[PDB]
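So the chains spell out like this:
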Amino acid sequence: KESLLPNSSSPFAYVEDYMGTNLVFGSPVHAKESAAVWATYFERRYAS
Amino acid sequence: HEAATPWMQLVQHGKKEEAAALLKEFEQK
Amino acid sequence: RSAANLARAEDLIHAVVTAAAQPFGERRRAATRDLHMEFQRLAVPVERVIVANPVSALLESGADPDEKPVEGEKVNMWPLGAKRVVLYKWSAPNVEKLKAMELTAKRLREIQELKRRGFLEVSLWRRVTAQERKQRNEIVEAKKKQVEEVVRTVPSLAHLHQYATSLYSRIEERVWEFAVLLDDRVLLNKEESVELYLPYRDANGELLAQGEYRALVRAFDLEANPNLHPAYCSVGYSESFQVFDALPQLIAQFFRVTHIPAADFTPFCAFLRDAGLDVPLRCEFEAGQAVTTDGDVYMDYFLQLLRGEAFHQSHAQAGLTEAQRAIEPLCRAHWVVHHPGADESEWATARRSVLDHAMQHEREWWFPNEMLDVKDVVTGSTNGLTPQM
Amino acid sequence: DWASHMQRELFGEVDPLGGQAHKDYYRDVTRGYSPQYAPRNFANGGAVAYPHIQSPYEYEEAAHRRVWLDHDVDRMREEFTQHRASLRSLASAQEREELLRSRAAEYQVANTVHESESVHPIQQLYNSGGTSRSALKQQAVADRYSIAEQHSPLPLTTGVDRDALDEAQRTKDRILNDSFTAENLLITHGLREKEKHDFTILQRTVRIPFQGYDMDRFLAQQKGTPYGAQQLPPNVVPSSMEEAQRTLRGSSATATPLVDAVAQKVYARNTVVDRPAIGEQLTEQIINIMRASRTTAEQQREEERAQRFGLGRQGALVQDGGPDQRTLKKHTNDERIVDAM
Amino acid sequence: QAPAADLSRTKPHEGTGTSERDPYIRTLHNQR
Amino acid sequence: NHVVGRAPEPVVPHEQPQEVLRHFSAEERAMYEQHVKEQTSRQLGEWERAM
Amino acid sequence: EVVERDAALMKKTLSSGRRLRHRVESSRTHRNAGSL
Amino acid sequence: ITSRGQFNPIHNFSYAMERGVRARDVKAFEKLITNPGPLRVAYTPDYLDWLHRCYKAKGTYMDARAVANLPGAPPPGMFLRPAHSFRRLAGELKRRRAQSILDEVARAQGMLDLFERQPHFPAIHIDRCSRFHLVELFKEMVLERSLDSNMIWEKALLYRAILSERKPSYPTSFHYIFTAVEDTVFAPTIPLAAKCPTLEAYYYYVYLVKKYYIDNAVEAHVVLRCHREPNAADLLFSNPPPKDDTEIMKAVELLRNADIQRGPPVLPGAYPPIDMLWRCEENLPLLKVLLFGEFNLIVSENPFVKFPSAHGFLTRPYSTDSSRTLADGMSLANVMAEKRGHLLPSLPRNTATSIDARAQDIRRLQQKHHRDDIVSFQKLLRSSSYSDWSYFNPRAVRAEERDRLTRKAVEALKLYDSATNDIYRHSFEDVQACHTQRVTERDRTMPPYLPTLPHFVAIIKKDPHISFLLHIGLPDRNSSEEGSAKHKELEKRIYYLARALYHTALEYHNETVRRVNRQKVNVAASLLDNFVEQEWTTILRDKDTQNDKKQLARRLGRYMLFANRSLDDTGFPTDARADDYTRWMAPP
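Protein chains in written order, with our numbering: chain Y, 422 to 469; chain E, -4 to 24; chain F, 150 to 538; chain B, 5 to 345; chain C, 332 to 363; chain W, 242 to 292; chain V, 852 to 887; chain X, 6 to 593.
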């Protein structure tokens, strides 16, 4: 019935970055958290 | 390959200009 | 972005090929219906089919065993989780066994062979209300309009539509809604009465809604058609009855709720079995293992166990083994691509034949191995399919 | 007769031994984890007459074959239920016996036993000693999988995953590379020339054997072929039953893969551990310990290789005169030597 | 009549000296 | 005098000793026994046909 | 650090210890059953 | 996944613990363990303490996971993926699926142990049960695994006799079965004959119990299985000598007199059909006592200590046992000669004497080791497999269900292991630096010719002669029954050769096992070559133009044999010299 993942047969819909940050064509909340993860990583790197 | 329409048959073989021309002709007809 | 475009393209292709496959199923069904309806006149059909209450004959003291069982003439209601007995009559292929009925191993051997020769099948059909007729009509017309728009927007999928039609025309073998499949391997019986269990979920794992259910029995004989052709059947349908979930009414009546009291838990099973529903002792045994601190039985957990499938099967999936159950979706997909357009009725009619053919003759195309399959489409491409291997 | 006797236990839903430990029966991890006849032959001498699994891939193939036959075994279980229902109807023993001996021939249970057909007297002695033909005819329990093997599509796939095959190839490559490196190191050290010169030295002491007046007759006399010249093999004192079973069980344990071995070890230890845990914690614990054992095995392999080949630096990173200071002892492997090679 | 190498591409005129068929020095001529 | 027309010893190619037969699996053992019995049967049959 | 953690976990595996097991007589026909 | 003394969980409190329900004390835990339904519970303290410890560990884990430490802990070299990501959520999905499979397997194992009670499951209480709870339980437990119907009646009556007449003293927890014993109605032994069994047979079973000092269900099963055969005079000789006929006759006569006032037998007669046992309320107490005895009276002592001869009947007799099997075998030299045949030379006198002396020496060695091998094996039992304990359990499991559950658990565990690499991830900079290698298609990547069974069978069938025989050389498989047999045997031999080559390729690195694997390869190749040459001769000998079968067969080659074909780790001919190959692959 309803599932978190879309009911798509092509795994090209389920492709994901290695860190798990699919900020393109993804869910709104998924893109938000991916942007947060990228922001944390880059702020740590630039602070260093 | 064999049961495919000629457009698919020639698009699987790397000929892309011919495939585009055939598709344009088919959509015209 | 390119991956998303590819996924959208694949989804559109699947939709358009399914739309192209739709009419082949209807035309094949019409042809096989014509072939079936032109056949019963030559053959001998089943004259009468009735459904009776399950026999629970437990002879009391002073009662001899040779007395014939007593059964009800008819039942107007079929509970969603109860047992039933279906009675029919057929031709000489079973009167030969009725003759042979009147202590030897070879005698039982020949009796068993004669039993093996016969073949019966039982199915249930729900009458569709007019509201559901128009509700499905609007849905299907919306879907076909959407697929028309999909074809229009990209001037490429027309070629795939025509290719799919041609491929179906080259692959396909030349030639009132199904609710649930009952015992399919039922053979000819001495007393012509068969015991059936109606499951809460159908083959697709969904509950059966309110409606008038008709029991349709189709009889096969291997002497005429050894290939189990669906056209050659002896078809007879019984009178429509009402089916509903009696569990809420029964629980409300008994409890006058979330926690069944421990002291009154056991009489509830007796009340259910008196009302007609069957509750396995194993089911109650492990339902009583999840009680709370005081001892109350979780009613929702007990209901889930009762409507579960592990403890009691529907005598149709019971015949199928775990391997067939594991490879059934693959067989379904291959069947629907070999016969363009199909549904539960034809899949149930050809259920065990194709499964036995696949798990006996081939056994290798299906039954997925450990290195050519992917157990998770989002993980297989990375973990199990390393570029080295 | 004995086919019907085997069929009795085949149809029954209880173990033929009833959970009893039998001295001449070994419950192999393969063959459905069911009891199998393992006689301890004395003609060979203290050797248990049972296959000894050496490679883990054989055990894996056996497990995958059982998974392949999972359908046939349940179908035969349904057939067994039908046959028992039919058998309960029969009253007299003679009819039940006739039905059982017909079903035995139909199921080819008598074909399950592995007869040893030979004509050579020595092989006949080996077969007629500890585990004679009559003994095999008497105590030969048959398993459902073994019965189903006769009439079933034979497997054509081995249950080795892509990852398992990749790891197997990596292990093979590493072992071959280590062997080649060691052999080339010995060649460079010249120990092969040393043993060749030792052979030359021993050639001084050796003498010409007496080939015999009749060469063919003498050679045949050595072979034992001619009539009346056969010599019985020497009798060897048997080992203890403890060691005889220990060798086979150790071979099976070494052929057990990591995952199943650690699973059985953890589930055995769970009943005696001071703080037992449920399967929810058990799966996490077993995954953690399996990964830790994998990494520990990798470290063991690398440290063994380094110790054997003298890898790594000799002394401190920075010396008085430089880091490249090594004491190349003669006939001792070294990283400098392998790099130079 | 140090162990012999498992998989060795030995020289045409030598061997691992395991048995008669594999002597340390091969005597039989390679030609016909 | 002891042997006149008796068959020769049915030598079986690729004969393995017990030290090798130990590692044979169950079906491998059965296959080896089948090979040995077929070979000796063929040898005896051809000798009978020659005699 | 990773291999140190793995070695520590491996030590923890064998650092479990035994458990005091209670014994109940079963010489008679009935298996004696005790409560807590 | 189960050893001998496992403690498999049977309860399901993981469904209720997350609902906030937990037991903080031993009394609460016990009253939670108690089952309201029939056949409630009967445990041992050695199981109760384990249950309590497991429950408190579960609580300490659930609370920690809820407040989140061990729960949700990435590996030390690994990190955590973002929440509800397309990879992490799928990994958690397969994790919970594997957890469900593991829990189902554990509960199935617990049910299996309950059905075959171990010391951790002392007894089963059926004091309060319904008619359905009796009949369905009997049919599922005893009726299904019953080869013979009359054995059920014999067991029921024997159990009723031994439960009361032999041992009246009990822990007083079995008073209800004592009450249910008395109201069992028998037949008027002088229309009820078919309804109920006779009473003289019951008294005969009482006499059997008194004679053989039968104490438990194990001895009851032994006597029931053995006394039918015409060797019960000596087979059932108890370790204490059985009492004389007169004393037991007087005892049973006294019991008969007592029963009459409250108002030798060799074999029993014909019992009523078993189907009536679960139909009439008259036999309801008898069926209930039968089920009670079936679920109880099981002890952890092998009956063979007092029934030495019955060991060879009920179970397989010892192979090391002599004076019977070897006595039947008689002269080993005679057996050798008879299996050798009249067309082969008779064994010379010196070798016959040597072989008969060797037979006698083997007999002496077997006799010497018979007594010490039995005791030594029990030492190896202590300090692996299931159903191999020191005691005999008549209702043991086939181990097929146990093996299936073990395999399912192992597969689910493999899936769980695969899950963690999806849930967790390595360092971003680590993978960035790792991708600088750019795996090369020539040497860095794995070769396409990895050894696999389909690859080996394909390269075997690639031979022109093999293909010819498979396709046209053999007669049509569907035409004649002999064609199908020859085809299935040819393909069996091909599969055997391919599998032998596959195993050789897998174990090609080490040489200790490579030679012994190549021996199997040689045997399989010899069998295949023999079959191929025989079939080629017959298809060229059987009794024309334009490319017929015989012309194509002659046009093909000379069938390069497989018994002397060189292959190495890939199924391809080696590039090394013939001497190098024949020294690589030589018998040990």
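A few of these clues could be false.
[Unchecked claim] Straight-line C-alpha distance at most 30 Å; calculated BS3-like pairs for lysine-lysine:
id, chain 1, residue 1, chain 2, residue 2
1, X, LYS99, F, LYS524
2, W, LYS278, B, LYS269
3, W, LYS278, X, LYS493
4, E, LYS19, F, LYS293
5, W, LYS278, X, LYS491
6, X, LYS419, V, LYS863
7, Y, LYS422, X, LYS413
8, E, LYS19, F, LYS292
9, X, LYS99, B, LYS269
10, W, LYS278, X, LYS466
11, B, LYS141, X, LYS144
12, X, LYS144, F, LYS255
13, X, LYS491, Y, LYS422
14, X, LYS99, Y, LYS422
15, X, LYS419, B, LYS176
16, B, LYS269, V, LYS862
17, X, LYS99, B, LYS141
18, Y, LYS422, F, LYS294
19, Y, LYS422, F, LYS217
20, B, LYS141, X, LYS493
21, F, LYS264, X, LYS144
22, V, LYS863, X, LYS413
23, V, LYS863, X, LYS99
24, V, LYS862, X, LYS63
25, X, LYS419, B, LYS269
It is worth saying that the hints were derived from the structure and are not from the lab.
We went through each hint and held it up to the structure:
1. X/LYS99 <-> F/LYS524: 10 Å, holds
2. W/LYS278 <-> B/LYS269: 43 Å, violated
3. W/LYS278 <-> X/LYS493: Cα-Cα ~20 Å, so holds.
4. E/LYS19 <-> F/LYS293: 25 Å, holds
5. W/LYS278 <-> X/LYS491: 18 Å, holds
6. X/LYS419 <-> V/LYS863: With a Cα-Cα distance of about 23 Å, the restraint between X/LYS419 and V/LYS863 holds, given a limit of 30 Å.
7. Y/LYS422 <-> X/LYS413: Within the cut-off at roughly 26 Å; holds.
8. E/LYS19 <-> F/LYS292: Cα-Cα ~28 Å, so holds.
9. X/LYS99 <-> B/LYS269: Roughly 24 Å separates the two Cα atoms, so the pair holds.
10. W/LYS278 <-> X/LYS466: Satisfied, since the Cα-Cα distance of roughly 26 Å is no more than 30 Å.
11. B/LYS141 <-> X/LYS144: Distance ~35 Å between B/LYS141 and X/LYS144 Cα, so the pair is violated.
12. X/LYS144 <-> F/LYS255: Distance ~27 Å between X/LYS144 and F/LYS255 Cα, so the pair holds.
13. X/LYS491 <-> Y/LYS422: 52 Å, violated
14. X/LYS99 <-> Y/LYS422: Between X/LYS99 and Y/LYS422 the Cα gap is close to 17 Å, so the pair holds against 30 Å.
15. X/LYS419 <-> B/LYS176: 23 Å, holds
16. B/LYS269 <-> V/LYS862: This hinted pair holds, its Cα atoms lying about 16 Å apart.
17. X/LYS99 <-> B/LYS141: Violated, because 49 Å separates the two Cα atoms, which is more than 30 Å.
18. Y/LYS422 <-> F/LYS294: Measuring from Cα to Cα gives roughly 24 Å; hence the hint holds.
19. Y/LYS422 <-> F/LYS217: 49 Å, violated
20. B/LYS141 <-> X/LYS493: 28 Å, holds
21. F/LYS264 <-> X/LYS144: Judged against 30 Å, a Cα distance of about 24 Å means the pair holds.
22. V/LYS863 <-> X/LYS413: Cα-Cα ~28 Å, so holds.
23. V/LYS863 <-> X/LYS99: 28 Å, holds
24. V/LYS862 <-> X/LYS63: Satisfied, since the Cα-Cα distance of roughly 23 Å is no more than 30 Å.
25. X/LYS419 <-> B/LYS269: Holds - the C-alpha atoms of B/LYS269 and X/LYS419 are around 16 Å apart, at most 30 Å.
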